[PDB]
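As structure tokens, one chain now follows by itself in the form deposited without the named molecule.
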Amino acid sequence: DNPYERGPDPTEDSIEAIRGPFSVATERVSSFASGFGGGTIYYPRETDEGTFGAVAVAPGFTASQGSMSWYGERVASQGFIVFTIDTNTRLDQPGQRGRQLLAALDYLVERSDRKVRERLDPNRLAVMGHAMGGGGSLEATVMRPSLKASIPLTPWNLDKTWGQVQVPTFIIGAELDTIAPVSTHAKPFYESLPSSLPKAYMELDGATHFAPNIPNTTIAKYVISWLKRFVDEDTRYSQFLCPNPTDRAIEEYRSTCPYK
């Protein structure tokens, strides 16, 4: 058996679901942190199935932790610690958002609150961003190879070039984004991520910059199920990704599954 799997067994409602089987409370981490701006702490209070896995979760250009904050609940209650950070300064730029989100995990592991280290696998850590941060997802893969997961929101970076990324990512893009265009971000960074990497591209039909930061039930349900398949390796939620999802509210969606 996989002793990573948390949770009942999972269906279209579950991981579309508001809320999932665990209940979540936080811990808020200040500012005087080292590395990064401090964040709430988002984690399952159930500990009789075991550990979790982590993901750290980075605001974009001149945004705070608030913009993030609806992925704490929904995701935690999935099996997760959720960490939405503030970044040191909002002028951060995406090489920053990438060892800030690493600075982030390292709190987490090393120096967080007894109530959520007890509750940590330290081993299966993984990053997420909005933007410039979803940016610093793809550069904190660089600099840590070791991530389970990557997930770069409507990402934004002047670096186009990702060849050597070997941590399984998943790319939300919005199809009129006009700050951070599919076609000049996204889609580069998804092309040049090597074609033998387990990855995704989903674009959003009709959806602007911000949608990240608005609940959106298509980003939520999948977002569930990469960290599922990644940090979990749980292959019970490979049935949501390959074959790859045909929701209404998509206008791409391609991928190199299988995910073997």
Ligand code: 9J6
The other form holds:
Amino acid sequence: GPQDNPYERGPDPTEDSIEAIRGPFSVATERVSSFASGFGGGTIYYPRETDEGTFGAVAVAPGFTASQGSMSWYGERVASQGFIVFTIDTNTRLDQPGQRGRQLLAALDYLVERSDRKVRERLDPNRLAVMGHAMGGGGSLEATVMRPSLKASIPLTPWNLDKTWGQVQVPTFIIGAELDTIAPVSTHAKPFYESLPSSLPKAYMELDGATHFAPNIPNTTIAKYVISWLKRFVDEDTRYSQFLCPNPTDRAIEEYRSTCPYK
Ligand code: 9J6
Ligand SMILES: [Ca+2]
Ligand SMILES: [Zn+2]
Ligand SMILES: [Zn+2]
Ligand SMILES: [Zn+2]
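In place of the form deposited without the named molecule, output the structure of the form solved in complex with the named molecule.
Shown next: the complete complex, the earlier chain at its head.
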């Protein structure tokens, strides 16, 4: 209930609600020009209804050679659960993970400092998160080292040649694709996960049979746990702990690792 947490948004969740293509909030968009400073522009998805209060935000980066269109399905699927979701483009499609991390932070700065009134009035600037695919997932990790005040980080089939993330202090949920040949889980996702502190709230979800591009098309297993992670950590919403702990056992999941419970 709202009395025990001012950040709770939407009705009490069910497996149905977290798997839904659209959550309880209707969503509008604002397009941001690529000539915005610090990143390549993007699309801001935001909840229209303001009667429950302001929302946290997640900036969402694509991978190498890719654009925001590869991540577009996250926009309304996650925003309709009560989040501002900014699917960005990078300065160039060839940008590397550190560059992508800086651009994720620039996108969040844009929301806080430069966005239209419609967005700015709906945003709690104290509750921000990052998510990204592949090199953008590497970027999500990088952004958390740069800005430890982030509330959550979701590296999706992440790629990074930097394998060590022990200094990360932000709750991090890594999603791996079992059969990824571009960022193989053996040398990317798994070592990133194991390198994160064992006292950090964290999880690793590996998708059975999945390729590197699994995160680029609607995937209910990805969506329901992305939503739950952001709820738990951006909103401190413990109504969603039930889906994260104990570890999920969905058939689509090859394996799940976590530091449950998240005190
Ligand atoms: C061709 C130059 O480098 C790569 O393909 C590195 C891995 C890119 C992973 C991705 O963001 O999909
Ligand atoms: Ca720009
Ligand atoms: Zn409550
Ligand atoms: Zn490192
Ligand atoms: Zn498998």
